[PDB]
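Consider the single chain below, provided in structure tokens and representing the form deposited without the ligand.
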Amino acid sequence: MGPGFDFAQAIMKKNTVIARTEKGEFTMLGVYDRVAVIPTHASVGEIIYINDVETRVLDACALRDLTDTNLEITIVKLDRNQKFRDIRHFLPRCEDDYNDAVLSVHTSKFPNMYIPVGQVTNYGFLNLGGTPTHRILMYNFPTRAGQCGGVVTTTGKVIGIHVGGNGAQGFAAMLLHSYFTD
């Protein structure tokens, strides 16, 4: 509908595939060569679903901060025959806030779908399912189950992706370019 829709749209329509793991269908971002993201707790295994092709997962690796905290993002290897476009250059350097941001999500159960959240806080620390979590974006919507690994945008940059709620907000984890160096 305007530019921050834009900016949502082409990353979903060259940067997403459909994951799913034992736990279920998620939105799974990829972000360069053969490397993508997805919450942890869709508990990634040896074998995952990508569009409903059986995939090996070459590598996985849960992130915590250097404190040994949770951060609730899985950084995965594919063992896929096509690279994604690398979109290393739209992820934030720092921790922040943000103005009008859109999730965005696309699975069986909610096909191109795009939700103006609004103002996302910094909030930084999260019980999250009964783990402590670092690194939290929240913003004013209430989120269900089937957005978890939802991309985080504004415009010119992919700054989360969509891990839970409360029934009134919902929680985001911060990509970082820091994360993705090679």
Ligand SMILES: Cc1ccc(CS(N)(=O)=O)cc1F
Given for the second form:
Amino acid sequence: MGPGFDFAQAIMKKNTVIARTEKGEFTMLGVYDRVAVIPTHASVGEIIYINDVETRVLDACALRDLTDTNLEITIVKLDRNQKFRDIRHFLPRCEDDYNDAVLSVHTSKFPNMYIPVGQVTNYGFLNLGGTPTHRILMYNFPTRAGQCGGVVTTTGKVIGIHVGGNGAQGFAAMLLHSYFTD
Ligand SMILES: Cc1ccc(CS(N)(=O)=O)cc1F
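What about the form solved in complex with the ligand, after the form deposited without the ligand?
Once more the chain from above appears, this time first in line as the rest of the complex follows.
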């Protein structure tokens, strides 16, 4: 409808796949080469489904900060025959607050879904499903089951991936440039 949705759409059309694990279906953001991100609670194994195709998981790491604190960011390298468009230049370098963000989801259940979530707060610490978690972004929208892995963008930046909610607020794990400096 406007330049927020235009940027969100451009990312979803080239840089997302549908990932299925034993824990369900997730929006999964491709970042560069065969490297993608998913919420750690997806429990990625040796094998994953990518757009309903059996795919070997070449390499995988759950990111924890330098106090061994869960971040909720799992980086996956997929045994896929095709690279993602490199979008690392759209990643913030620092922890920050943002205005006018969009959460975009693409699954079998919620295709081509875009939610204007508005202002995003650098929330920091969250007890997320019982797990102490750092670098959480918060937005005041009542996000539901099915949105985990959803991409959070502003015009020009990919800032995080949706990892949970409390019925009134939604929460995303920050994406930082530093996570993907190969
Ligand atoms: C499995 C995996 C692939 C790529 C990266 C990004 S990097 N090479 O800058 O650390 C992290 C990973 F954990």
